[PDB]
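**Q** Now for the letters of each chain:
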Amino acid sequence: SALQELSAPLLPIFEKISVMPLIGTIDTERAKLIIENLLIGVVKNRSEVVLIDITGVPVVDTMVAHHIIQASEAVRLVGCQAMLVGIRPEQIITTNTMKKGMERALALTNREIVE
Amino acid sequence: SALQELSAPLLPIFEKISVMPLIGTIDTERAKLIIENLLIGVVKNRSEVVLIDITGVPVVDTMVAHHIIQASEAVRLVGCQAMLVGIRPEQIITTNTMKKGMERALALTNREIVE
Amino acid sequence: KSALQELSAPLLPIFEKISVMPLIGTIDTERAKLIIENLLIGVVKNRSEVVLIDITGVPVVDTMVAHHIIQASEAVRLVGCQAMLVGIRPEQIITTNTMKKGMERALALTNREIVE
Amino acid sequence: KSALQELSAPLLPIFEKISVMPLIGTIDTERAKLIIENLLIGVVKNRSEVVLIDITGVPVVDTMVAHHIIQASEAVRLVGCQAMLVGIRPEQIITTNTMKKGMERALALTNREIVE
Amino acid sequence: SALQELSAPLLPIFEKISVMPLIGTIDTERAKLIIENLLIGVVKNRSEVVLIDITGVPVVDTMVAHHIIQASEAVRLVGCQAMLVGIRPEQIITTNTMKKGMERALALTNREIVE
Amino acid sequence: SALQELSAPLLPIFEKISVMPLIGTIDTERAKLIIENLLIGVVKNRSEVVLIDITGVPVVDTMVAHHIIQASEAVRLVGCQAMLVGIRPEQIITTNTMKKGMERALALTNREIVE
Amino acid sequence: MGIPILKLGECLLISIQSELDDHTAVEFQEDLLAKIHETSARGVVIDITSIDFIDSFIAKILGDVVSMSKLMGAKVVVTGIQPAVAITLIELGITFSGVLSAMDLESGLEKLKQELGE
Amino acid sequence: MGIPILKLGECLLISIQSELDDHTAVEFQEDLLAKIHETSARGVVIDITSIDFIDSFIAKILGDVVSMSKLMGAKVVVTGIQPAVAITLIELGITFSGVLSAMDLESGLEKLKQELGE
Amino acid sequence: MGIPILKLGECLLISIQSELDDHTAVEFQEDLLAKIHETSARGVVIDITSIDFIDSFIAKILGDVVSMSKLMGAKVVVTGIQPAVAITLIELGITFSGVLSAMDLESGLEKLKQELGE
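Taken in order, these protein sequences are the chains called T, U, E, F, LB, KB, R, c and b.
Going left to right, the first sequence walks through residues 148 to 237, 251 to 275 as the authors' numbering numbers them.
Going left to right, the second sequence walks through residues 148 to 237, 251 to 275 as the authors' numbering numbers them.
Going left to right, the third sequence walks through residues 147 to 237, 251 to 275 as the authors' numbering numbers them.
Going left to right, the fourth sequence walks through residues 147 to 237, 251 to 275 as the authors' numbering numbers them.
Going left to right, the fifth sequence walks through residues 148 to 237, 251 to 275 as the authors' numbering numbers them.
Going left to right, the sixth sequence walks through residues 148 to 237, 251 to 275 as the authors' numbering numbers them.
Going by the authors' numbering, the seventh sequence opens with residue 1, and the numbers climb by one from there.
Going by the authors' numbering, the eighth sequence opens with residue 1, and the numbers climb by one from there.
Going by the authors' numbering, the ninth sequence opens with residue 1, and the numbers climb by one from there.
Hints listed in this document are in silico derivations from the structure and should not be mistaken for laboratory results.
The beta carbon of each residue, even a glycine, is placed where N, CA and C say it ideally should be.
One or more of the hints may lead you astray.
30 Å max Cα-Cα, derived BS3-like pairs, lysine-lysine [stated by the list, open to error]:
no., chain 1, residue 1, chain 2, residue 2
1, b, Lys35, c, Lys7
2, LB, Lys259, KB, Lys259
3, LB, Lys260, KB, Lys260
4, R, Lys111, U, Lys259
5, c, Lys70, c, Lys113
6, KB, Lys259, KB, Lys163
7, b, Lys35, b, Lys60
8, E, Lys259, c, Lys35
9, F, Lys191, c, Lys111
10, c, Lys75, b, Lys111
11, F, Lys191, b, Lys35
12, R, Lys75, R, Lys111
13, c, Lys75, U, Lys259
14, c, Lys35, b, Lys7
15, c, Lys60, c, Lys111
16, c, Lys75, U, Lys260
17, F, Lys191, F, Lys147
18, b, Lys75, c, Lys7
19, F, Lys163, F, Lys191
20, R, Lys111, U, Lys260
Okay, the calculated bits of chain LB under chain KB, using three or more residues with CB under 8 Å as the criterion [said to hold, decoys possible]:
no., segment
21, 152 to 159
22, 255 to 269
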């Protein structure tokens, strides 16, 4: 009864996240890394634009932000909410919108949409 | 909760269908068509690459792959299964995987990706 | 007995394979890797531990040794880590996924292009 | 248990390493070689037995399978036979001097030249 | 007879039907079909320019103008008469005259006749 | 029953002779010269491949070959059999196959086929 | 009277206000076919954005005037469709092929005027 | 085995021996689909040249698997239909549009080289 | 009976599903050259990707159909030799020169169209 789905637009493996405001879903730490190296995926997005909120622990969410940097390549938090990032108890690359984070992902593997 | 999935690269806009093979989830239609006019989403991918079997009433699924065409451009059901095609008591574009449906989606809106 | 570990030497960007040894007497690959780093002039090397599971509690003998080669000759890189190996990190360094695309950017840093 | 001889997996020439393992009971260097030859493809491959003293009386597991791997792996080649090792002469296969000028001619057989 | 009517010119051939509007001639359904796997006849015509009339049985005639659509390619009728076309109990490509039927048959085999 | 082939692609003329090797059917000389000047038929063929054998009737048949050479132009014969030409009690231009007999007809009236 | 045809040069736009009556659907069918008879149109763009629900008798009428004006000789293009009426168009025997639907009114003339003569 | 082993150059090439039953043809549809799951090919070539008889029950399966593997995501040609089976196949009332039947196996892949990879 | 053959134009993509004995194999071997001379053949692509084990009663035939079909007037390749079946050829008196082995059925045409045509 758990689900954190993914996709594959042919070089990068981006990921989607609906609101999981809990800690029993530790799977996105683990079920991402196993499909990360199952097929050779270079870039891995997050796309957590629909998430309110982070309660006290993005330690899981920032371990995996530095796991895949030293596993394969360059994660990208996408469109973190303004009310969410005000939590700062305590780098990486990031963006504002899902439609343009994919474009700057393509520039970091040297491809681009044409015409 | 009961909220399936929605993504948005916004030049097309696609989506992932998880394993909820029950007829009581009509909400996957009503969560899709609400954003089809709230944003300018031309073409779309249902992308049901993870599923087990439909019950026998697919007119919540094979007809919502017709009434997207009333609102916008077409639909590209990705990755049907072994027992899925094996029963047909019942057209559409129906490509193979996610990495090639996105290629023809830009090709049916006159775009491509080379560098 | 098993004091043999591994070495190889291709064209000038060399590499050094590492098979399974999850021990604490692994100071040999801390030492015998750096020996060939100036016995022959190899600029950039690899580690290639894509089959090594796992390390117990010692990246100090595994990642600070990736700082000697930064100052011995030049910039070793880790070639592939298993997901459950790096799944615990209470701890930077360039890395890659597989050898067939790690050896591509090895030639980029040492000015070679394998095309025809 | 020492369940390793060696096997690497780089870009399409997938070479190999062999330490001093001069005993007939090491038949494990055959199925570990055969199973990878259709796991990925490999249009050429090397052996690199630069450290071995010495083959006792059995090249019929070393040089016999070199034509029993032409059936799959397309012309294996030996890299760097030792001085005293070739004194073994019971009674062919492409060979070379070392890896840095064995890999290059193994790149010539797969439409790849070194260009800077 | 039992060897009724055919010829065999260059790669798209033809057929030819004189006056014999009897149901007992089931051979023109079969005896033409033996030739289609004998040699590779891609496109073939009918040329029923003299026949009045098919009474109630085009099952021997029009259904065998559906077999070559699934055998090889593009059958076409040449010049149905002005009285036979009023008789319609129940599509395909069809024409008026044998010379103009041959030329548009040579466009489906990618050739022409003009010097 | 006493009628064989009113037959033309109308710049040349095709014709087919099936099995009726008897002296009573002289109508293939009479009725074939009728359509010969009813249209502009320059060249015409015979294509007597299904004809075994001629008993004593070239005295009708080759007299037709004496007619189109003085009516319009250069009648030719296609596909005489082995035992058919063995009959020699006692000329013209002959060929072997219908697909290449048309080429020597079109080369005699200066037309060629591209592609 | 509430259903105003308006020319734009070989194209006839139209709008539909807040409908609550089948009596409009017999009033509306006349003026669409009459104006396309007099003005020699070649493509009609219909905007139905301001409706919340269309009854099955009315959708029988609006689903037929895309064929009558097609049979008149102009390609009909239906733009501005609210999605909540499309679920009510599921159970109807809809064979909407050649209707050439779109999303908004900018998507009207970027589709039809491109696909007609120009 | 009855079913063949089949893989050829970004396409597929499946042969069919002489068969008579629909106890083979039921698993045979799964034997074709389970390959096109793992092997991602954009077209198969079914060859039924060796058969001389197909009953009206078995003709449903070969009347389905053309439409089935299209829904999987690959075009389907059917090459070399014999004249005896092609007569009785029509008595199963077809709506065959999307069959693309070639004449022999040599000209078969010249059609899928025209469809796939222009 | 069992083992088919199929043409592609100056080629022969024969296959082997499973082998039992020489009586099937000689029936297979007699089927090969009878299908060589009936058509015009230039290169035979033998697929053996589905054989578990072999013995010298069978492998002597498959080790010599190269020597048969080369004399008949066509080259041959043996694509897809399994690992366990290749190590069971060590007892044989090796004359496998010009057998021109490959890895899979795709790469058979890669090493055969290089020998012949574009």
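**Q** Determine for every hint whether it applies to the structure shown.
**A** Cross-check of the supplied hints:
no.: 1; hint: b:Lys35 <-> c:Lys7; verdict: holds (22 Å)
no.: 2; hint: LB:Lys259 <-> KB:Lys259; verdict: holds (16 Å)
no.: 3; hint: LB:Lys260 <-> KB:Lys260; verdict: holds (21 Å)
no.: 4; hint: R:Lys111 <-> U:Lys259; verdict: holds (28 Å)
no.: 5; hint: c:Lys70 <-> c:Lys113; verdict: holds (17 Å)
no.: 6; hint: KB:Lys259 <-> KB:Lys163; verdict: holds (13 Å)
no.: 7; hint: b:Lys35 <-> b:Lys60; verdict: holds (21 Å)
no.: 8; hint: E:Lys259 <-> c:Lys35; verdict: holds (28 Å)
no.: 9; hint: F:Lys191 <-> c:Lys111; verdict: violated (38 Å)
no.: 10; hint: c:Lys75 <-> b:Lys111; verdict: holds (28 Å)
no.: 11; hint: F:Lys191 <-> b:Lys35; verdict: violated (37 Å)
no.: 12; hint: R:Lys75 <-> R:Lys111; verdict: holds (11 Å)
no.: 13; hint: c:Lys75 <-> U:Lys259; verdict: holds (18 Å)
no.: 14; hint: c:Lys35 <-> b:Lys7; verdict: holds (22 Å)
no.: 15; hint: c:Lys60 <-> c:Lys111; verdict: holds (25 Å)
no.: 16; hint: c:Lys75 <-> U:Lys260; verdict: holds (15 Å)
no.: 17; hint: F:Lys191 <-> F:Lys147; verdict: holds (28 Å)
no.: 18; hint: b:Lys75 <-> c:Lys7; verdict: holds (21 Å)
no.: 19; hint: F:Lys163 <-> F:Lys191; verdict: holds (11 Å)
no.: 20; hint: R:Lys111 <-> U:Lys260; verdict: holds (26 Å)
no.: 21; hint: 152 to 159; verdict: holds (count 7)
no.: 22; hint: 255 to 269; verdict: holds (count 4)
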